[PDB]
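Below you'll find the structure, written out as structure tokens, and then a few comments.
The other protein chains are all here in position, but one chain of the complex has been omitted.
Should a chain be cited, it is by its letter among A, B, C, D, E, F and G, assigned in written order, with residues numbered from 1 in that chain.
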């Protein structure tokens, strides 16, 4: 009956930050507030002020001293809050968790409050390539706490404490409409055409759940289909100033099925995205990591019904492609959008330079 | 009668590095060896090895977490040495300073030796601009000491100690030849020409010593000279893969002297480079700093008689320009090379991207 | 959801044996299939695990280099390969299952296949009467388990105690049954097809 | 190398005074010109400094906001401007010089210009005889320094002691001279052009 | 090891 | 302050 | 290294409706990765608690877990008459996962005197060259008992499970000796 809490101490041991959670679920309309408590000894500083900062950054490069193009660190959101000396009571009152932490600690505890705006991306990370070293570009969240006489004062390693949090999303309860698509291709003069119908079973598939596609081919024409290919593609939409869409296949299934002219074909396939065979592909997007733990493929990013903003950070989306191989060109294909989420538990110069550099790298 | 020594302790206090000097003078044929002593308690690690690394890097960006294009960190020279457990006796024996440090410390001291190659640049630093933040690109030297089971092991903040050294050059004793230049400009059909002669007093000027130029103008022509301009230019030759020459004026003197046709003129000017009026110019090169101290203008970089290498890092050179203002074009100018030194005391992708970025910035 | 497995039995020491766990009702990518063995009369022990999503396999220190685990995603089965079997490798092997996202304990188990290693061959039991009230029969030097003991063809099932078999240093099994009568035995060995009936009198 | 300076004297309290140090023999960019004052009978004290190379000026905490230092590089001179002079600002001001690359102490000094602040005007001395062996003369209430005292027009310079002048609470100076004769005075005040001759008898 | 992020139990 | 670079005296 | 999961007590006796407490000790600190399984004799284990505090779906509410530093505890409020099995303690935070040593829970009754019986070897067994002496103990309590042989090793004892008819235990001890050694005394 005792809840857990996460804490991290300063290298000198004087400063410690208490956090009630590490994953802050987004509800598509509001974000769970970042409520915490900072413990500091007044006799230690006795003239400075305690500041806590929330930051989300589009970081590149590794964590330590890389020996190449280092961390382009465009910032998407910066917040500042003062713990000791205290500030006005809002917002709005102190929370229940803050009250319990104050009761557990005493007078030497000072709370802080942060409200994450809705217009922010989720924590993801591009998969590094074998030729590269360390990690690659990926947004992340961070909380810092330090003692200084002003906000512009330089950072101190002996007093500041750095903590890493995450922003996650979960599967909505309401099911979506049935995803289906069709595509017809006629010929030069004959009314004979090439009609195919493809559809999924659901909009939302949990991580690891197989995908069953329903493909119907109406080849009432003269040409012959040799191969059928079903692929699941991942779209990583890097957005800083100019949108860049990157395609990375994650699962492919091929069968040597022949479709005779003036005949139909029906079959149901089974394709499942997973990380075992995509451990060497550049440009793959994974879920944000805490320190170094293994993470699955990046969950789809779903936005509100009225799309006005959130063009920032990295956006992930999945689409299933079904392709028909036709002799002498005439390829016909369809794309079936779907989401992939976990179930709910119970004009700066160097910025343009970096954008061009990333575009040249991944493309 | 007691010599001083410099030391720095690890954050935990277990590791300490003793260095006999911080400025290593280059003698145009050899570099003063980096001899030092590392103090470590065997009981602390008792399974790892002590490593000391010498590194020179073409670093960009600030020291802390910049919020823009961060430290491009191309490395020019990397060396590795093991202190404890020990290595063979060379090279060649241990030195006298190492012996004295061992006598002062005892068994818990382990020496290390480094030989800086001749083909290395001197420590300089480009002056930051008002629009930019922190510092700019500039080579520097560094010594690190850490305990690990292998060279590929990740760095540890609690054990590693970072120290900064410098490589400097001083004025040679042998004077150079008298620097002088001439330039003649004739006209369309008349034999009348424009002859000027300019010369300095010495090749080498100490930092702050005024420069006296001897200008002789033989305007045995019909045109009239309105203004005379004397300028001292600084050339910063950034060399990573493609040489880039950058011009930054540092001192200018103008006089409203009129030269009559078919007459001569003689005068001696006085121009002195200094940092007071060049505190806002981008692309200025200064001497390498230890931590944050103020430094003068970057000293000239002199190489050996047989030029085969040293095309690395940043190279600084000075030239005095004397310009004659002539009506309707026909400008005539000369350049007088000279050195400026202190007296002797008693195809990687992102590399190309960064080179283009720097070229676009400074030009 | 069902975890059906088979493929156990008797294997000569130093030989090889192959165990299959045909999982059903769920997916091999969303679950991690573990193997757990239980020594006779001892506690549980972990031997191997496979994660089809990440392609990661782990082994216990006592079975490293001898046991290889693999799975066929198309058939939704997990295979454990035993090599260089020793006398310490005899136990009952279960096939667990834990959620991949995320781990919450082995919530699904199989039924267990018995695995034994022994150089002894198949032998028939020998019935030794135990004259005296108390009376019983002794059966020794038989292999393998089990043996069904009946008194008067199962006419009197009351007051009869059948102690579990015990393995002595000879590599054979032996048990006994005792019937208590105030005033006043059928043994069957299915593997050896031996049925011996004996009577004990004072 | 020479450090010639001038421009001192007497300034009314709360007034202003300008001191110039015309350095010669070296350069203003390769050297840093410092100013040091010495209170009468006390130790040295630092007031101001200028570094022409970096364009940096520093001041003492006791003179911050009242003293402004500047230099003219063309004329190779350093100028110190005094404002809001108080009674604590009277001293002898020197003009030091230290190497810019690098600092090695003030190796060159000027000769010092006396600077005094006082509300008292210029007054003439008064000679008071000191009858007795020992004998002498007393001169009091004069301004400013100095006063030359001669005995018998300097005929007898032996056995004569002239004590240094002392400033009392009235803002005036006063000293005395004593001549010792076993058996048996000319005072001149140049600023006031006063020459008084007196004789002392028992 | 190093300076990791340990935990603690919170109660009423 | 912080972890600066102090000094020491060396003798014979 | 490997995290040893010391689970005590090895075996405890309790009556119907009483409270049962089992403690699990971890040599190294695991945050909350502790699971409690229940294994009836002859069947497969069944998960009861995960994350050391959560009740598995389809499990009676009488089971409950708790954490205190590195001390994990399983508590049963009302001991049901069918909850007499073996319980294990498993940690899954560091590979390899390590289980406990088990905690058998049996019904409690009064102490019953053992009906000690001595069975001499048969003539046919003696003629076979190997002689065995069978000592019978029937209807005693608890399971633990002391047996001695004298006319030493070469003795094996088999104990049966607690029969619900009498809630007691029966033990059979066999002392096997060679024909010459048997004929010595």
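Heads up, the rule we're going with is that contacts are C-beta pairs under 8 Å (C-beta built on N, C-alpha and C of every residue); 3 or more make two chains touch, one makes a residue touch a chain.
From the set D:84, D:180 or D:184, the residue in touch with the chain omitted from the display is D:180, counting the whole complex.
Shown as candidates are D:87, D:156, D:166 or D:181; the residue that touches the absent chain is D:166.
In the full complex, the hidden chain is touched by chain D at residues 43-46, 58, 60-61, 94, 103-107, 109-112, 128-132, 134, 136, 138, 161-166, 168, 175-176, 178, 180. Counting over the whole complex, chain B has residues 1-2, 4 touching the chain that is not drawn.
To be clear about the criterion, only the chains that are shown with their structure count from here on.
Among the pairs A-C and C-G, the greater number of C-beta contacts is found at C-G. Chain B and chain G have CA centres that are 80 Å apart. Computed centre separation for the pair chain E/chain F is 37 angstrom, with centres defined by C-alpha atoms. In chain G, the positions touching at least two other chains are 31, 67.
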